[PDB]
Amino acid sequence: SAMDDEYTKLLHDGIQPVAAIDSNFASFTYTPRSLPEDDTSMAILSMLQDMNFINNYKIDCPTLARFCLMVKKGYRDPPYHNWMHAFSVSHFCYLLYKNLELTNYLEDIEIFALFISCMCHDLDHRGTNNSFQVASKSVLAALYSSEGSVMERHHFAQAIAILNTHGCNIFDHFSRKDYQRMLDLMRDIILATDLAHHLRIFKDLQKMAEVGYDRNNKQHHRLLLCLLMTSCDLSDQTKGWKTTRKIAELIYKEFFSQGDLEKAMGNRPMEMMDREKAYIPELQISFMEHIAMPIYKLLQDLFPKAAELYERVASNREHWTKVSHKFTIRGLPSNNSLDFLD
């Protein structure tokens, strides 16, 4: 009944102007995690309206309201991979549309699929990675481990199950060809959120940046969609230090919870998931240097207006160096006690 009343208001109250959400809502400096969670489904509609996808694709408003609420309801509440992650990832997609002139690179339907994919891309995440599904012999691994990207395949399958729920298929009036196009795009984009996939295609992304984006090259469209998706997925790191500090808190809470479960199974966790071994400043510096910074450098190489995003990620990486010494205990602990030695 709670979703029913939320649905009723979403459908009948009208779609709030995007500027009424926040005055800096369309700026790379806005932090969408500042938005109260109760306001996020409306914000999704506002962004879809502002990009004109509602009118352009003649999206049925009742269906879209039900769809957005079902997607929100499809996220659990682990520390990091929750609906507020999917919301903030979607917002960054909107920022890319508002700031980077994506219409010069991608078709309308590709940009629309990118945004919907962002909303759906971690659906039903349980706060554990792909390796854990295999090691724990989960249902998800039984289904998908032969193909790889276990969780991402599950995320995609959940998105399709929402579309296949009566009253939720926002695409069900598309032509057969456009429908098939949309769902194929969603498969490719959601699967691209597997960082193992990013690392596999990285050289192809570099080669595309070096030779120059060819809008007539269908492989270039596919590569760019992957890079944009990954850029949305990591976009917390493009905000201010306080955002990235909090996000590291959430990541390691989730990781360490997985590691505790692996130890309870008799398995040595990855260092970054072992709360007895993980040295967070070193791990964050490694993540930023080897994964996050090269991604936003590629984005800047392709979109010069994205330079400020890379500079922020670089600044945040240098900040981890500046605070690393605070992970060393100088003097006595606050309680003046050495009890923690035992």
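Between two forms, the rigid core is the largest collection of C-alphas that superpose within 1.5 Å. Positions refer to the first chain, counted from 1. What changes on going to the form deposited in another entry:
- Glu318: CA moves less than 2 Å between the two forms after rigid-core fitting.
- Comparing the forms between the two forms on their rigid core, the Cα displacement of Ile329 reaches 2 Å or more.
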Given for the second form:
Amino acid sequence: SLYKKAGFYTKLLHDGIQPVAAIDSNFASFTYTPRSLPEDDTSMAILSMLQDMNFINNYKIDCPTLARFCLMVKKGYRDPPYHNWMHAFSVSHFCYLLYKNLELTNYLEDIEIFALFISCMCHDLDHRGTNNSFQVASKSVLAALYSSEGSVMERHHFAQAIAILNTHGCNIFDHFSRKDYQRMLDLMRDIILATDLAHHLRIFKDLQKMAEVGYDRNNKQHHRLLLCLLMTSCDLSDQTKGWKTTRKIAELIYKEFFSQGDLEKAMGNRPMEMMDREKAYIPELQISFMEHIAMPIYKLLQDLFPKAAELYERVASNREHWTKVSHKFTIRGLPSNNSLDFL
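Right, the form deposited in one PDB entry is done; let's see the coordinates for the form deposited in another entry.
What comes next is one chain alone, with no partners or other molecules.
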């Protein structure tokens, strides 16, 4: 359960902005797997995505500042099995895919799409590999600061994003007017807070009403609801890839969850079944998660955007795969080598 922080640019300045096709001919496709990109090339890819969506020119972002901001964001992640920089990078890449494939400019303002992308990069900053309940039970400093207000980790991720912006030479919004700077801060707050599953459960009925009634580009509340759904779709986007990706990501999620469970047992507390390596049955847990969480999210995206139908079908397909592998996976927890390669 010990996950380190790396700390407390010239290569990026020389040629950090590359045309996206030079990274991969399939870079703008829903079939691209951003986790296949070497970690050392992710900062360059973030700049390339911002350049390709024309945010650098349109918002007059200073490249050296953007380069330092990206490197600070990357250094802001610890190394738990799942909630690390590679997860934030892939979430950010999915946000770029939504922009490239769904024509978001017809549903949201350019500033909202910009905030969505930046929020994707920052959304799990300084994650400790533990959930909100753990912060409360361990009586952590983060729970002392935010438990009374809800979404302990999410409030911390936002606070860490703000601290990066307040670091000298990293303020990418420095030249914005007081009104636009505040709007960026407000959007990032709401978008990051939408990554709390408890928040998604609370607004579901309203998201399912919006899809039923149809999207209204002049309803400010519809813009807020869409941003929440888009953020959760980016957060769970590993579920829209091939079966090898979903299987590997399930292995990382449970390595992280089981370490939290071992830590709660060492504290003399009984963990949730899904966090207990002696009780958890991963195929059944993934089928419930796919059915209750990911599948309804992508079905809502399909209802609002017809081009997103392939995403839902890919998620439904990965859920069907868990049913088929459950015959070959006959143990609780993970095998001794923490790998699901045997499947």
